[PDB]
Amino acid sequence: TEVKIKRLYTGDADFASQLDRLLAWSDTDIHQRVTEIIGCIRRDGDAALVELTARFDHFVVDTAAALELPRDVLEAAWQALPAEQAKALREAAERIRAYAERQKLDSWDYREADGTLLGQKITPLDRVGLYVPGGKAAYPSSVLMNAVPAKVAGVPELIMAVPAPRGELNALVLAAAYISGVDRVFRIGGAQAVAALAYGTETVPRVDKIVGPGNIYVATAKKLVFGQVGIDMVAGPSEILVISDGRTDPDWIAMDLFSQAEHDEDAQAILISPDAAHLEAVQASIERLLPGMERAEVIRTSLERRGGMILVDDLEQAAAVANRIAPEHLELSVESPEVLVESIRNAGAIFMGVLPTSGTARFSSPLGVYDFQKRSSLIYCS
Amino acid sequence: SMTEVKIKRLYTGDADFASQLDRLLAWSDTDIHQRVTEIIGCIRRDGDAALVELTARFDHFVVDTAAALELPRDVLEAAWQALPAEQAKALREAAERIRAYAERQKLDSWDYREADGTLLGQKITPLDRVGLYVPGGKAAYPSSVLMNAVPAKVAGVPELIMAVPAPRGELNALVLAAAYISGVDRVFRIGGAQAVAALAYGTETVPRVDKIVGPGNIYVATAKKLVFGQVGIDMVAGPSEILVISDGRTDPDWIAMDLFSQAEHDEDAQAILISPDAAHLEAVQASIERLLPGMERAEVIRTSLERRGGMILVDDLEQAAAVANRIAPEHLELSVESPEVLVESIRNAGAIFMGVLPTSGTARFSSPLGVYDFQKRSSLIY
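Here the protein sequences line up with chains G and W, keeping their order.
Each residue of the first sequence is one higher than the last, beginning at 1 in my numbering.
Each residue of the second sequence is one higher than the last, beginning at 1 in my numbering.
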């Protein structure tokens, strides 16, 4: 029943190094394989894509044109969702759209003293490729959070790759692609899909940026085609950092940790508090509520491998430690978070009352509309 | 003839045109990768000791302690104060133009209320610390300092740290003066892979930064690639490129000089001319062959034109813009009668001239380096 979670104390002398080891996170054959696949796609295009799709996905088609899903299929997958899921999808997409609309970059210009016109010309990327994994194990959220900002940016051709293992489709994924304005959907995946998107085939249009997480083949391929296309940041496992003043119900804090611990065994969930009693209470809440979780084994694995509870002297030190951690997700479960947030510098998303992980929030932003736009300097000497 | 310059010629009517263009644009060590890995390891393992030693071995710059690697601020001020009045004037002016452009590009925090009352927002922060690499000796340009440092300081970066190696102690006055007026906070006489490692991981003497920018040799580029993840980096350069579109009204000598402007500073530079006027292309060839001998860097210009230069005949200006959009040049010049009309068809270009930039076709998906690259966004949810 016990869950052994690493406990750290800011008073300890070896604390910095312990925090380092807690945050630490880290094949030749895979690199070789992906290189070969990319080469095959560049050299032989569609024939290679069809063959590799039959090999990896067990999806057999006569011509590459058949890899594509008709648009009617997308609309129909949407039309057949249970009413509540449809509601949820529309609402989420709308929130994402509104937010993207507010972040959208605009063109402008101005005149220097001599009369020179200087300006910034904003354009959408010409085409964007979105990768989504096949089967039941994909989440519609990833589709919305990549595709919606891309369409708000004004990207004219948004192309999705999602493999169809043995022909199998994910209704929610297709419906999400439909309502987010995905333009074309191809049943391809893996390194072969990345290569097809990056270089083009006679069937697959060449895109300028590829986003969306996938397996080791997809990640490796994305790294190898960077330069030919832009890519999104490589995702590490999810992270949450909770700063708690001790006033919140420990059952709730526990659920806050489970929220991110539950979807990756290598996820990192950390709790910081100046209250030791509160930390013990949350330990208890974890051990009690854990069995009743459906993802109990994964949650346990994550908490035991990379979980942590850090006792700090106060909320100031909590903010300092957080700024060192630079977490993907930061939750300020404290009484005056609008005050505490003033001390926060490095965090992907902050919850008071796609995202950069593995400490890259020290220098990166979440994926947003701006990543599907670009600027050109304009100089008109008259 | 002895004066002739073999410049690659393409025509959009060619059946092989797409591939010919691909081959024209194309431009592409293991022992270096090993060495750099070892240097990074030594720096992580031995810190200041390793940095002092490696600086002694590689730069022949010998100091007793790592503290002695740093240049006092007094030195920067004195480098500025000893400049000829006109150089100082030019430096200040350039720095000011850059500053004014950066202020206009600066990202701002904001928030708004959803209908239900949920608060959504964007919190903008500057990067905590930024490292700027500048090559050593006389072969460095103050511009490289200004174009990184000024936008970083506009962004509000609290600690801007510069590495510039001092081979045999040698310094570049213009570089130091540029560091002075652009608000560089600290300057260290270190370079190569060891400087990148020192900045990325920190030593007792060198502060750990969150992003490293500034182009350098193969050791610096390799090191930057290897530390990406620990820090942000800038896009890798990237020999210069210029693409000129000419309708034929412009004096062909002027076009020739336009091509020369970028061809003359790198033998690997790419200068391409596009026109729907075949006679004009011939005229520019003649102007090139006539004007070339009188150029001071005639040898470099010729080498560049011969290796990567090109002239492309198109059907009309529509197609000129289409080809330009495929090329996606660093620099684009619209030498036509109505550039304010033609620019509407232009999508992919680092900078556009009518009347640090992305190169190698990355203008299809990248923006120039600017203030926004030294800022980051955090999502707020209340």
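These aren't lab readings, by the way, just hints derived from the structure by calculation.
Built from N, CA and C at the ideal position, the CB exists for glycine as well.
A hint or two may mislead.
[Said to hold, decoys possible] One side of the interface only, derived from the structure: several residues of chain W facing chain G at Cβ under 10 Å:
| # | residue |
| --- | --- |
| 1 | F58 |
| 2 | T205 |
| 3 | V236 |
| 4 | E337 |
| 5 | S338 |
| 6 | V341 |
| 7 | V343 |
| 8 | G355 |
Problem - Cut-off 10 Å, beta-carbon criterion: hint that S338(W) touches chain G - result: violated (12 Å)
Exercise for the section: Using 10 Å as the Cβ threshold, decide whether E337(W) counts as touching chain G. Expected result: Nearest chain G Cβ about 13 Å off; hint violated.
Problem - Hint validity - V236(W) Cβ closer than 10 Å to any chain G Cβ - result: holds (8 Å)
Handout entry: chain G contact restraint for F58(W) - C-beta distance below 10 Å
Key = With a minimum Cβ separation of about 27 Å from chain G (threshold 10 Å), the hint on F58(W) is violated.
Problem - Hint validity - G355(W) Cβ closer than 10 Å to any chain G Cβ - result: Status holds, d = 4 Å.
Practice task
Go through the hint on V341(W) and say holds or violated, using the shortest Cβ distance to chain G against 10 Å.
Solution key: Hint violated; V341(W) Cβ to chain G Cβ min 13 Å, cut 10 Å.
Handout entry: Status of the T205(W) interface restraint (C-beta, 10 Å, chain G)
Key = With Cβ-Cβ at 18 Å, over 10 Å, it is violated.
Handout entry: chain G contact restraint for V343(W) - C-beta distance below 10 Å
Key = holds (8 Å)
In this structure, the hints that do not hold are numbers 1, 2, 4, 5 and 6, in rising order.
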